[PDB]
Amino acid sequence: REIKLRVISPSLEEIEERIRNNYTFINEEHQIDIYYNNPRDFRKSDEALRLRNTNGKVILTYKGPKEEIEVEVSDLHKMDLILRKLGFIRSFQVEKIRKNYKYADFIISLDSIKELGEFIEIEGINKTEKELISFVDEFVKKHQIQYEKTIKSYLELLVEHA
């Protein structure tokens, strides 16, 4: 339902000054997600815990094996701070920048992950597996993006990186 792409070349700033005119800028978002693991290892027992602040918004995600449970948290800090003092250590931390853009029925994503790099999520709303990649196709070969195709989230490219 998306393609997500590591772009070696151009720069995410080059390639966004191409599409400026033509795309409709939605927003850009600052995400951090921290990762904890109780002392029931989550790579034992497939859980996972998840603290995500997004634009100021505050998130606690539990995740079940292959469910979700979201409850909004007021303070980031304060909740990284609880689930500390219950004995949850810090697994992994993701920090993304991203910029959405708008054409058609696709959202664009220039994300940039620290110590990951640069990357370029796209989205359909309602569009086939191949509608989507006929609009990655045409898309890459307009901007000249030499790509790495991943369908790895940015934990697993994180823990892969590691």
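Rigid core: the largest C-alpha set superposing within 1.5 Å between the two forms. Positions refer to the first chain, counted from 1. What changes on going to the form deposited in another entry:
Positional change of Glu28 between the two forms stays under 2 Å at the C-alpha, relative to the superposed core. Once you line up the core between the two forms, the Cα of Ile120 stays within less than 2 Å of where it was.
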Contents of the next structure:
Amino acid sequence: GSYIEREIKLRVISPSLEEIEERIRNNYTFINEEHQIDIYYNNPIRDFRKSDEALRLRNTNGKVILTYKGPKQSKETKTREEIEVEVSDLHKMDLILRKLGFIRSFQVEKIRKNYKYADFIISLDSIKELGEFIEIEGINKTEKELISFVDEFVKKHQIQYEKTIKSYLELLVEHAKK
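In place of the form deposited in one PDB entry, output the structure of the form deposited in another entry.
For this one, just the chain is written down, with no partner chains and no other molecules.
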């Protein structure tokens, strides 16, 4: 019951996400907008920052999702095992995790606008306190195919960018101490 999430994450340098949305509006199909508030957790005895694991409880437009992510499997894209379940109650799931000994680590909040283009999901991310990013995830795609599509995507829409395989959680920590 596991799945490999493969995506590329771009920090947007120019233009604004609003202007990018205008550029893709006509050829990409809008899916939905998600307001996502994420709580991350650590295990006191198994520093997830050493094993490169993550446990997250997400509220996305009121839907509550518990996610495990495993260590990164690539240096060219952000590739990780991901296991997710929907749960009925966020407060109670958080209570269970804390009763089991997990400790709340950090919180990430964003507005995400999802677009679809031929088995690719393009997410325009406005991250509280971090700024503007784009993620592209592949549906039954090889790493090569994803990398090639992203190169075509940024070129077609004249986006200036920096790629990274750091998570938003990791980028948030870097940003705080600066």
